[PDB]
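This document starts with one chain, in the form solved without the partner chain, laid out as C-alpha cells.
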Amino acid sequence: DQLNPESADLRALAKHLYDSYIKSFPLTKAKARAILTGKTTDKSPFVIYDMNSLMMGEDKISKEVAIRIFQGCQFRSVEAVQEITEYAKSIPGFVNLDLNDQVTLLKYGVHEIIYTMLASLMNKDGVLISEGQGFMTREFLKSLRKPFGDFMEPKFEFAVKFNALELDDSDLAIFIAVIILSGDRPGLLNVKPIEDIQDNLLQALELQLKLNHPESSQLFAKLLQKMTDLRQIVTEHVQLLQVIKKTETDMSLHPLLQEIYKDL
C-alpha cells in the first residue's frame, strides 16, 4: 500500500490546513464557483455592468464612482488581510517564529495571497463582490477613468491563467501556506526556521496534488511557476498606488494597507 508514516503525517497536515482555511475564509472557491456557474436560484448575484446597474446595485446590495469602487476594494483587502492573518496563525510553527519575522512574512505575503484567492472569485467576464451577492464586469471596471480603469486588468489576466489549473480549496489551503512561509522575504532575521516549515508545506502540497490531481502532470511545478505571476502583479499594483497618491491627494488609504506598502 502507498501510505507510509511520513506520507501519513503530510496527509494530516493537509487536512489541518484545509480545516483552518474553511474556518478563516467565509467565501471559498467552492461557494464562488457555485454562485458563478448557476448551482442556483438562491445564490444568483446582482450584476453591475454600467452606471445605472451600479446605482441599482447600491440599492439592493457620494463621491466619484471610480473612487467609491476603489475604496470598496480597499476595505475588502483589509478584511482579507485579517482573514489571512487568522489563517497564518494556524500554520504549524508560524506563531513560534520571532515576532518580527511573523510581521515580515505577513507584510510581503498577504498581497500575493489576496490575488491568489481573488482568482477564485473571477472568471474571464468579471468578479464576485460583496460576499458573492454581486458581480462587477471586467468591461465596467476597465471603463473607469484613468488611472482606476486599469487597476483590475492584470488581476483578471492572472486569474484566467491561474484558474486553468483547476485547483480546489484543499489545494489552495496548502499553496497559500507555502506562500506565507517564504524564507526569501526581505529583512528576515532567522531564515532557517521558516525554510524548515516551508519544506514541510512543500512536501504536503506535492502529495496533495499527486493524490487530488493524478492525471495532471507536473501540476506541482506549474503551480510553483505561478508565484512569478503573483510577484509581478504585486509590483505593478504598488506602482499604480504611487500614481494614485499623487493625482488623488484627497483620497485616504487604510493605514494597515499603507504599512504593508511601506518600502515593499
Given for the second form:
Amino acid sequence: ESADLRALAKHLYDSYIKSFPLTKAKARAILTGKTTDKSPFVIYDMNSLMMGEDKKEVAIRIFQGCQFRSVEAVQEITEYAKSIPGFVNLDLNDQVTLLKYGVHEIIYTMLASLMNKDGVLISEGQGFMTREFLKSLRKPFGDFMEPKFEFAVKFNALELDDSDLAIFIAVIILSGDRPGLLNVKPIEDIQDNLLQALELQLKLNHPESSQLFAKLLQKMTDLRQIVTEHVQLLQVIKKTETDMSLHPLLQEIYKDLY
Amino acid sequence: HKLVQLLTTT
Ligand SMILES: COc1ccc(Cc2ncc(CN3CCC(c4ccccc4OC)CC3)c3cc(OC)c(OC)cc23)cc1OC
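Output block for the form solved in complex with the partner chain, input the form solved without the partner chain:
Following is the full complex, with the preceding chain placed first.
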C-alpha cells in the first residue's frame, strides 16, 4: 500500500542521514558556493597538492588516500545496509555477499554527489581536486577517475536528491543476482518492495522527469561495469605495482571478487 | 570477517 511505501522511503532517508555525514545536499552547496567564506582549496597541480596537504610518488599517495577513505565508506554503507528492513534477518553469509558485491556500486554512486565535470570534492568538502590533475597521473593511476567522471556527469544530470538516493542504494544492495547467494527469494521479496518504493518516490519527487525510473534502473546496470573496470585496474596494480597493498577490510571485499 | 564484525556490531 502506498502509505507503507512512503513510510519505507522516509525510514530509508532517515537512516541515510544517520549513516552518511556528507550528503549530496551539502556537497552541492559547497560545489556551488551556497555555504560560506570557507571556499574549498583547489588542487590542480603538484604545487597545489603540497600546499593543500598542509591543511611515495604522487599517484601512489593519492591511491593510498582513496583506499583509506574507501574503508570508512564501507563502514558507513554497512551501517546503512543494517537499517534496510529485513536485511539483518537475512542469512549472515548472504549479508556478507550482498556487501562484498554491492559496496563498490554504492561507493561510486555516492562519489558522484561529490563530482562535477571539472573535479571532485576531497577531504570532506574542504578541497577540490581537478579532473585534469587526476587525469595527469601516470598509468595505471590516471585511469581510475576518468570513467567515474563520465558516469557522474550523466548520473547527476538526472538530478536525484538524498531522498531518492537512499532508496536507489537500498535497491542495489538487495540484488538477488550476486554470485554465491544462499537464499535468493527473501532478498528478491525485499528488493521488490524497495523498487515499488523507489518508483513512487521518483514519481512524487520528480513528477515531470521523463521515464526517470527506467533511466535510474539503467544506471544500476552501468555501475556494475564501472566496478568491473575498477577491479581490473586493481588487479593490474596487484600484478605489476606490488610494492604496496590494500587495507585488510578492502582485501576481504576484493577476495574472489569478479 | 571484518565484514561479519561490522554486520553484527550494535
Ligand atoms: C589514484 O588512485 C585513485 C584515484 C581515484 C580513485 C577513486 C576513488 N575511490 C574511492 C573514493 C572514496 N570515497 C568514495 C565516496 C565516499 C562517499 C561520498 C559521499 C557520501 C558517502 C560516501 O561514502 C559512504 C567517500 C570516500 C574516492 C574519494 C575521492 O575523493 C574524496 C576521490 O577523489 C578523486 C577518488 C576516490 C581511487 C584511487 O585509488 C584507489
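Note that the rigid core is defined as the largest set of C-alphas that superpose within 1.5 Å between two forms. Residue numbers count along the first chain shown, from 1. Only residues modelled in both forms are compared.
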Relative to the superposed core, which single residue of 40, 225, 52, 239 shows a CA shift of 2 Å or more between the two forms?
40
For residue 147, CA displacement between the two forms after the core is overlaid, in Å:
1.1
Determine the segments between the two forms made of three or more consecutive residues whose Cα atoms all move at least 2 Å, using the rigid core for the superposition and only residues common to both forms.
40-43
